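With the hints as your guide, set chains S and C with the ligand onto chain G.
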Amino acid sequence: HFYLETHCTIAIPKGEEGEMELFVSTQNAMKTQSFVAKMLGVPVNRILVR
Amino acid sequence: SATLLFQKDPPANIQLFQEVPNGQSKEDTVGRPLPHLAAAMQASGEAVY
Amino acid sequence: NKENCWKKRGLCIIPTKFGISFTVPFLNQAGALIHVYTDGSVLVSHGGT
Ligand SMILES: O=C(O)c1ccccc1O
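Protein sequence lines, in the order shown, are assigned to chains G, S and C.
Everything in the first sequence is counted per PDB author numbering, starting at 741 for the first residue and increasing by one.
Everything in the second sequence is counted per PDB author numbering, starting at 544 for the first residue and increasing by one.
Everything in the third sequence is counted per PDB author numbering, starting at 988 for the first residue and increasing by one.
Please note that a few of the clues may not be correct.
To be verified - A partial selection of chain G residues facing chain S, derived with a Cβ cut-off under 10 Å:
| no. | residue |
| --- | --- |
| 1 | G755 |
| 2 | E756 |
| 3 | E757 |
| 4 | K778 |
The hints are simulated quantities; they were obtained by calculation from the structure and are not laboratory data.
From the three backbone atoms N, C-alpha and C, an ideal C-beta is built for every residue, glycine too.
Next up, chain G with everything else stripped away, as it sits in the complex:
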């Protein structure tokens, strides 16, 4: 692909109820959210992707 900006993610752990807010260079916020959630073992509503 050679997108000038390579892959990048910033994940912010709140410390409450497994909550996490992520800033990601992605075309798929949904999958990023569910995939992060699945790996963590928390409901999808705990993950916010921006």
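Chains S and C with the ligand alone, transformed into the frame defined by chain G:
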């Protein structure tokens, strides 16, 4: 009594409220004394201000 | 009060009523936003804090 030093008395606390209908689902918490959802995190200092 | 010269007890019972609603009509409005994600978990958002 004017010569008596302050004496704390024994506390007494009673709360009265109504129970929910006998046939109300265990998952329907409306009317039940459910603790504040963030209370555990507030007690642990994890709640973020 | 008859048995005490320098200490007295008082007792009072009072009622109260409080009108419910912003007295500014247009403030009596509320909104909510709800998302159900594919895992079935729900995320509720509303105007209150
Ligand atoms: O209680 C009200 O009537 C009220 C009205 C406007 C703004 C804040 C308020 O609490």
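Outcome of the hint check:
Given the 10 Å rule on beta carbons, the hint for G755(G) holds: about 5 Å separates it from the nearest Cβ of chain S. About 6 Å separates the beta-carbon of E756(G) from the nearest beta-carbon of chain S, less than 10 Å, and the hint is met. Hint on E757(G) holds. Least Cβ distance to chain S is approximately 7 Å, under the 10 Å limit. Interface hint at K778(G): violated, since its Cβ lies 23 Å from the closest Cβ of chain S, which is beyond the 10 Å cut-off.
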